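> Letter by letter, the chains look like this.
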Amino acid sequence: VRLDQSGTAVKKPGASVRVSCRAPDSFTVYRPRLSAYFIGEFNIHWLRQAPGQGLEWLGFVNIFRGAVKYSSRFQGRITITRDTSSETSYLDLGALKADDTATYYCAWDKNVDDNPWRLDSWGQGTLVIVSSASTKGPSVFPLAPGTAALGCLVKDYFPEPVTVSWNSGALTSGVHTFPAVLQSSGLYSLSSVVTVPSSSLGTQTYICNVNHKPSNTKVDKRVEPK
Amino acid sequence: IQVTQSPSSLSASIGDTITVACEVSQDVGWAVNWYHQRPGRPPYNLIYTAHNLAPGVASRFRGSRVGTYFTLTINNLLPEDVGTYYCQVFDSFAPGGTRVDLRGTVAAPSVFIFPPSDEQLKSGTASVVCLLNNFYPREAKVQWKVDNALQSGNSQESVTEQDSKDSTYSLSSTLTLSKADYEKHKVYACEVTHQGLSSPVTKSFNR
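For the record, the sequence lines run as chains H and L.
Going by the entry's author numbering, the letters in the first sequence line up with residues 2 to 35, 35A to 35K, 36 to 52, 52A, 53 to 82, 82A to 82C, 83 to 100, 100A to 100E, 101 to 126, 134 to 214, in that order.
Going by the entry's author numbering, the letters in the second sequence line up with residues 2 to 91, 96 to 212, in that order.
Keep in mind that the hints were calculated from the coordinates and are not lab data.
Be aware that one or more of the hints could be misleading.
Below 27 angstroms or equal to it, Euclidean Cα-Cα: the simulated BS3-like pairs (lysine-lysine) are [unchecked claim]:
#	chain 1	residue 1	chain 2	residue 2
1	L	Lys184	H	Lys209
2	L	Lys170	L	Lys146
3	L	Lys191	H	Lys214
4	H	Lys13	H	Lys201
5	L	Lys184	H	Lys117
6	L	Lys127	H	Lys117
Here chain L stands alone, though its shape is the one from the complex:
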């Protein structure tokens, strides 16, 4: 039995109605269960056997079955509904769930670049950090350039949870280079693409 959910992510305004779908690869009767997981919390049961609300779950949640196609509908969406929704059939979970967040005002990141410290450099390794601050939506693209050469495979990034008051995100990307490589080049730049930007923003320094 294969279980698939869609969409993988969605943004909704407070008060909206949204629908999440769970498709099962064969008829399983009504045996689909739904779980909600708020950020940093354990999952809890939301709906069981396609359409039964778990104890204490609000009536604005509705589960439905059409054959092998199961839906979770959330009416009058509230901030407490943010998190990930998972569907389950017997021992099978989908890959990935459906991440729900709130639709904030579209806002481009404020971008900052930080050179490695001389103290770190003594260790043989250099970290360059690019900060993307207080942006919405969560999707953003960071491209590192070193003397205009596109970097690939030597960065990692991390994103905050959605802010409770302004619905924005922040992102931090670290480019990791050897000291030997760091000292062979002059211009270090992070180029940022985001829906709130008409053209990419580049912050740079010269070593």
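Only chain H is shown next, with the shape it has when bound in the complex:
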């Protein structure tokens, strides 16, 4: 089944988030005796994955009457509901912690007794970011240079993501843009590098194009040998 989720949420610790999941045309089942489609008995599950980690189950709602089961790790700050007219489930997670930062997934369960907890379809995920930090654009520093390496250090921004291209996208061979790391400051940092012929360093211009959409920050940083 097709599952559509709401967009990225950025929250302060202690705040609440509502993540939405819609399953268009999947809540009902044709029932010959009624000669019509009627609400089924499916489960919609909510799970999450923190950066670099495995999967964690949070809870489910049964769509027939809204019965729920929740992980005891979240009891007291989690509610899962469903709206049968819009074929949507809501995950409400309250009192948010920094370690609630994760991609949240809804997943579909046909609720067949012979196949327990089969999560047969998954949403694309919703990024939920929980931090004390405020939106901040990066500072972009050069990593200055047979083969030479050069790059850009994209430091101290919030939240994710940053994108980087080289020479407005004309330079792609040899480019590596690394995953960001979350620094102890609560701000992110990443590096992008490219390997080029050493003989080109004085003649070809190299510009890293850094884009940080959350702060409307665009930087085109010329990287010259020191």
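Fit chain L to the supplied structure of chain H, relying on the hints for placement.
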């Protein structure tokens, strides 16, 4: 119910047969499900109830049960099989999954070191960056030294996904120092250990 998977990671050549195991702390009948997650994608269901292939999953995947010991076997491994495999019992997932990548040619990293920029230094903080380029396997060790003193706790590192054409990885490590500390020392070095190196490689500069 505790669920454990092994190995945590494995490398395989195209065409190989590989096996991932999922051990459950008590009898749960056949109620183990398997999921595959490609890099940057959502998980999807691979096998359900120990041995049933999910719709559209290739027959070279096989799930089996021996008591509390469950296996996922992948025959004729293909590049599309790269990613992480997760097993599930009811509400329990294992910690960590099993990361599968392709076995490339063993290749030592090309190493580069970058001093902090003077523009950064005006801010009171210094970042030193060490690049390990185009190496295989993914396991690598970076040790920072400052005037020959082994650094600990003040670096972070990040690794690319496996390259689609040459199966290599790259790694970037950042050493973070105060400006005051940076200017008290002369020799900044990153020492790299890797299977493709007979002895560690050190790249350095003098401030």
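> Need the status of pair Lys13 of chain H, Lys201 of chain H: alpha-carbon distance at most 27 angstroms?
Judged against 27 angstroms, a Cα distance of about 19 angstroms means the pair holds.
> Check whether the Cα positions of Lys184 of chain L and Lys209 of chain H lie no farther apart than 27 angstroms.
Holds, at roughly 23 angstroms.
> Next pair to validate is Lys184 of chain L with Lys117 of chain H; report whether the Cα-Cα distance is within 27 angstroms.
holds (22 angstroms)
> Taking 27 angstroms as the top limit, are the C-alpha atoms of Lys170 of chain L and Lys146 of chain L close enough?
holds (24 angstroms)
> Does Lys117 of chain H sit within 27 angstroms of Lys127 of chain L, going by the straight-line distance between their CA atoms?
Holds, at about 19 angstroms.
> With a cut-off of 27 angstroms on the C-alpha distance, tell me whether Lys191 of chain L and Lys214 of chain H pass.
Given that 27 angstroms is the threshold and the Cα spacing comes to 18 angstroms, the pair holds.
Going through the hint list in order, the structure satisfies each hint without exception.
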